[PDB]
Amino acid sequence: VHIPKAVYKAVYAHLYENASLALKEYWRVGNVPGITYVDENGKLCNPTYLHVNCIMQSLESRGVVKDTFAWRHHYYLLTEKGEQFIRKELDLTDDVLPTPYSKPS
Amino acid sequence: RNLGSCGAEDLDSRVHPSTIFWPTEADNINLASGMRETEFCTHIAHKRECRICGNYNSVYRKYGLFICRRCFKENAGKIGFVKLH
Amino acid sequence: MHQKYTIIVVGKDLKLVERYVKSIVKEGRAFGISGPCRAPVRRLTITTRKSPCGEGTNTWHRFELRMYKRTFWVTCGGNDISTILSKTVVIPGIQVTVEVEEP
Amino acid sequence: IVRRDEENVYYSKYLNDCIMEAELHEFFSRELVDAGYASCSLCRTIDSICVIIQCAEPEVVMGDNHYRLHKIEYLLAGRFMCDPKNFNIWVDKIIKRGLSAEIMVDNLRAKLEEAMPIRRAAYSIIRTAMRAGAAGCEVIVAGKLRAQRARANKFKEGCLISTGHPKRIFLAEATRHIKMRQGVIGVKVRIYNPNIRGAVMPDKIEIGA
Amino acid sequence: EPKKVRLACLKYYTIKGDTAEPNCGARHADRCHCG
RNA sequence: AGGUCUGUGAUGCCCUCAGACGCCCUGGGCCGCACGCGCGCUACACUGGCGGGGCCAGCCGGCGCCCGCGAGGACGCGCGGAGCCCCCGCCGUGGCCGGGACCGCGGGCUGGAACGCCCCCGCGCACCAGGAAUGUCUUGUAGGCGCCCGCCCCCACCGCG
RNA sequence: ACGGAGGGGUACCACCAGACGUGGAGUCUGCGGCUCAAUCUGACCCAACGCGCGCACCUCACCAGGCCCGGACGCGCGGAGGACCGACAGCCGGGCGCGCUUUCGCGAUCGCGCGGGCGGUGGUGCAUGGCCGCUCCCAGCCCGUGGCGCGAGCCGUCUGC
Numbered sequence: 002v003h004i005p006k007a008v009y010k011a012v013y014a015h016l017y018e019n020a021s022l023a024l025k026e027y028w029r030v031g032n033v034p035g036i037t038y039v040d041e042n043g044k045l046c047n048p049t050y051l052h053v054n055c056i057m058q059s060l061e062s063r064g065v066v067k068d069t070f071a072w073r074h075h076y077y078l079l080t081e082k083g084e085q086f087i088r089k090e091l092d093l094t095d096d097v098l099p100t101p102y103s104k105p106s
Numbered sequence: 046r047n048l049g050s051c052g053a054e055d056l057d058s059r060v061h062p063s064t065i066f067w068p069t070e071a072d073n074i075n076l077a078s079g087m088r089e090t091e092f093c094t095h096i097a098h099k100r101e102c103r104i105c106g107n108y109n110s111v112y113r114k115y116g117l118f119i120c121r122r123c124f125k126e127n128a129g130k131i132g133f134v135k136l137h
Numbered sequence: 021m022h023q024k025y026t027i028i029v030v031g032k033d034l035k036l037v038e039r040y041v042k043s044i045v046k047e048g049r050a051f052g053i054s055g056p057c058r059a060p061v062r063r064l065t066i067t068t069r070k071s072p073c074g075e076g077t078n079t080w081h082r083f084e085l086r087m088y089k090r091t092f093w094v095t096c097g098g099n100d101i102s103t104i105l106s107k108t109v110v111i112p113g114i115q116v117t118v119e120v121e122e123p
Numbered sequence: 004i005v006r007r008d009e010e011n012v013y014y015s016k017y018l019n020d021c022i023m024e025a026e027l028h029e030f031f032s033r034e035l036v037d038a039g040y041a042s043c044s045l046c047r048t049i050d051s052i053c054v055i056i057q058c059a060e061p062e063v064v065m066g067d068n069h070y071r072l073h074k075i076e077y078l079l080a081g082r083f084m085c086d087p088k089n090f091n092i093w094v095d096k097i098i099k100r101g102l103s104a105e106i107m108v109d110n111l112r113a114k115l116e117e118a119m120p121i122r123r124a125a126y127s128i129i130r131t132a133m134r135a136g137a138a139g140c141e142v143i144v145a146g147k148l149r150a151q152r153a154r155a156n157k158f159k160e161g162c163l164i165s166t167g168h169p170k171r172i173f174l175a176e177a178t179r180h181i182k183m184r185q186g187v188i189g190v191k192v193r194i195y196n197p198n199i200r201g202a203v204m205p206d207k208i209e210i211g212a
Numbered sequence: 086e087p088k089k090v091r092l093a094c095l096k097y098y099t100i101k102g103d104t105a106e107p114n115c116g122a123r124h125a126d127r128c129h130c131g
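Residue numbers (the deposited numbering), protein chains in the order written: chain K, 2 to 106; chain d, 46 to 79, 87 to 137; chain U, 21 to 123; chain D, 4 to 212; chain f, 86 to 107, 114 to 116, 122 to 131.
Simulated from the structure, these hints should not be mistaken for lab results.
All clues given are correct.
The calculated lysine-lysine pairs, modelled on PhoX-like cross-linking and capped at a C-alpha distance of 20 Å, are:
| id | chain 1 | residue 1 | chain 2 | residue 2 |
| --- | --- | --- | --- | --- |
| 1 | U | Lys70 | d | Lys125 |
| 2 | D | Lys159 | D | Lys170 |
| 3 | D | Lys182 | D | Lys114 |
| 4 | D | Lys191 | d | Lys130 |
Among chain K residues calculated to face chain D with C-beta under 7 Å, some are:
| id | residue |
| --- | --- |
| 5 | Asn19 |
| 6 | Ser21 |
| 7 | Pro101 |
Computed list of chain d residues with no C-beta within reach of chain D, every gap over 10 Å:
| id | residue |
| --- | --- |
| 8 | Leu48 |
| 9 | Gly49 |
| 10 | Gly52 |
| 11 | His61 |
| 12 | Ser63 |
| 13 | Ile65 |
| 14 | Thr69 |
| 15 | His98 |
| 16 | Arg121 |
| 17 | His137 |
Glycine included, each C-beta is placed from N, C-alpha and C at the ideal position.
Given only the sequences and the hints, what does the whole structure look like? Please build it.
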């Protein structure tokens with residue numbers, strides 16, 4: 002409900018660098034093992050399912066991503082509108098592209 | 046209520062610093078990493101559920117499956133289970 | 021040199037497992053030997069009610085999953101670290117047939 | 004002479020990966036509807052994963068400059084927790100789409116969602132199959148097709164098998180669900196190719212001169 | 086329904102550059129945050 | 001118009017939606033008992049019960065040492081299979097050493113938590129082969145004897161074999 | 001379709017010949033009734049009644065009580081001269097900054113109204129899909145051309161072995 006900005010930035014960066022996010026359907030207390038952020042917290046701190054789930058709800062509502070639920074897993078993908086939005090929250094300059102376009106093969 | 050203390054007699058009798066046995070079930074490492089928060093979900097307990105339809109009843113744990121019997125006949129052919137004999 | 025290597029291959033269907041066997045035996049005759057051991061078949065069994073609701077005659081399904089396993093540990097010192105690769109890439113790349121190598 | 008607690012790792016390292024495949028089947032089916040998705044396969048090469056797809060028109064899923072594919076690869080890896088760039092993918096193309104039930108039934112679902120009547124859609128599907136060289140196709144459309152009191156009317160053309168082991172080789176079946184304003188419209192397809200692949204249907208004898 | 090009260094001048098613990106409040116941060125004293 | 005909207009990110013139309021039919025916590029209940037009946041288990045004994053000994057399976061399969069009458073427990077390593085039956089004795093037609101329900105002291109296990117399950121001493125219910133009525137079965141079959149898995153923190157008179 | 005009509009066949013979910021049982025008692029479990037704050041519900045000849053895969057917590061729906069919003073997204077208004085959110089002492093309370101006598105904090109992650117969502121083991125299986133059961137431990141079912149009938153229909157698809 003009260004989400005730190007480090008978390009927002011972390012989620013956005015994870016999206017851009019991976020263009021995706023596959024997330025569990027969970028509502029109890031727990032910590033996501035993937036996306037991590039540092040706020041003087043040990044070496045790194047992991048977030049909580051609640052914050053990230055609220056974030057993702059909002060994003061998909063705005064049209065940034067498109068879900069594709071499955072065996073009780075959330076599969077999100079960022080679109081073009083989303084790219085044209087993530088590119089400015091992170092302060093990215095124009096022309097920059099995410100890694101999957103970087104000829105993985 | 047940090048300024049709340051108890052007689053020493055009522056302290057050694059307290060449960061030894063041991064991790065409550067109930068560990069829940071993390072079907073995958075992804076689905077976790079260890087006001088109301090004081091009692092949101094303190095009743096830790098096994099919550100084993102189907103990894104398809106999320107129901108807590110009739111779950112084949114044999115062979116590390118974790119699939120409901122109903123949610124099973126459908127996907128059994130894909131998995132490789134077949135009906136012969 | 022000599023590393024006592026062992027080959028284990030696993031499959032659920034009996035037709036590729038025997039085809040993979042032949043290719044390997046063909047391609048390992050020189051780099052030492054490669055005679056197989058056929059294991060007892062691990063058969064997974066699941067019995068389920070054929071009904072989602074529990075009505076009518078009590079009728080049961082009988083699924084199973086046979087898993088076949090063969091084991092060529094005959095390389096042994098007869099294969100070096102790179103020599104194992106040679107054949108393993110010269111054998112066909114069947115889509116499904118798990119393989120693991122250990123000394 | 005042998006311990007049974009050790010090989011359980013090999014046996015349990017096959018089962019997990021068979022399951023991992025099914026989730027992908029479901030996900031693709033819910034995703035690559037427009038690319039003629041049919042099926043999937045996997046190859047657990049230690050260094051990296053390989054997945055082989057069967058699609059009518061891969062260039063759609065390929066994506067300009069391979070963007071959709073790559074967007075997919077990074078995604079799956081997070082879920083199955085593999086290092087991306089070791090989660091590569093390959094796509095293969097189906098040439099006999101009329102022999103594939105999935106393509107047919109998905110096309111039928113599309114055509115139905117455009118309001119066209121069932122009588123035309125089914126028989127167009129069936130003509131398409133026969134042109135492909137098939138010995139039979141049966142279509143079924145059950146549900147609230149009229150005002151109320153749902154009924155099933157089935158269309159067919161040729162000859163079909165219905166029993167025996169041979170039905171697991173020469174008979175290809177599939178189903179879908181179509182959500183509409185009245186309700187749900189169940190649809191299913193089945194096609195019979197006796198001369199498929201190289202196997203020979205039993206009780207079939209050919210003589211000489 | 087806590088019975089809070091409203092004050093616009095939340096800035097007069099001091100007179101002029103003073104140290105009234107027991114960096115920064122009857123029954124004795126009860127410090128903000130933890131005890 | 002057989003059953004399933006209480007298996008599901010299967011669903012049309014209704015009802016609930018900030019004192020919630022959402023979600024989370026603490027307790028209680030689903031087991032309560034003058035009564036009718038459905039599938040099973042244990043017995044009514046000598047073609048037997050008790051004590052001692054000898055010995056062979058299969059789906060498949062884990063063990064040592066030391067405490068404790070036992071159930072169980074502390075440590076440490078990878079290694080491994082039973083009832084009926086057979087032999088020798090006691091009992092001697094007695095609701096008796098057949099049968100083991102009920103109850104009174106006590107010792108332990110699971111678990112955050114016993115109302116749950118195991119062991120020991122004592123007490124020792126109905127029952128003498130079952131009316132009108134009725135079910136299943138043709139070779140390794142009926143019947144008798146036990147052993148594994150499932151669900152499962154603990155527990156099988158059930159179920160698949 | 002039916003016949004307390006005829007003629008041919010067939011099967012231990014039928015009989016002959018036999019075997020082993022149930023209905024007799026104690027007990028496990030499920031089913032109706034009584035009771036209770038609740039004793040959550042589906043199924044009722046074959047074709048409901050150890051069946052809807054082991055109920056102290058969860059599972060869980062029902063009974064007595066309490067936290068939280070996890071109110072997406074749009075328009076109007078308000079707000080850092082301070083939106084919303086946490087806490088010591090001391091009580092009330094099963095308990096918890098739940099509430100209370102007070103004053104420290106935190107910082108726009110928003111508040112209110114109007115539209116619109118999400119969710120729900122909530123109803124209808126007599127609105128539906130899918131899956132099962134039964135008819136059926138059956139031996140039967142249909143197409144093209146042709147022929148007979150105004151026609152519904154018949155022959156093919158057999159009153160023989």
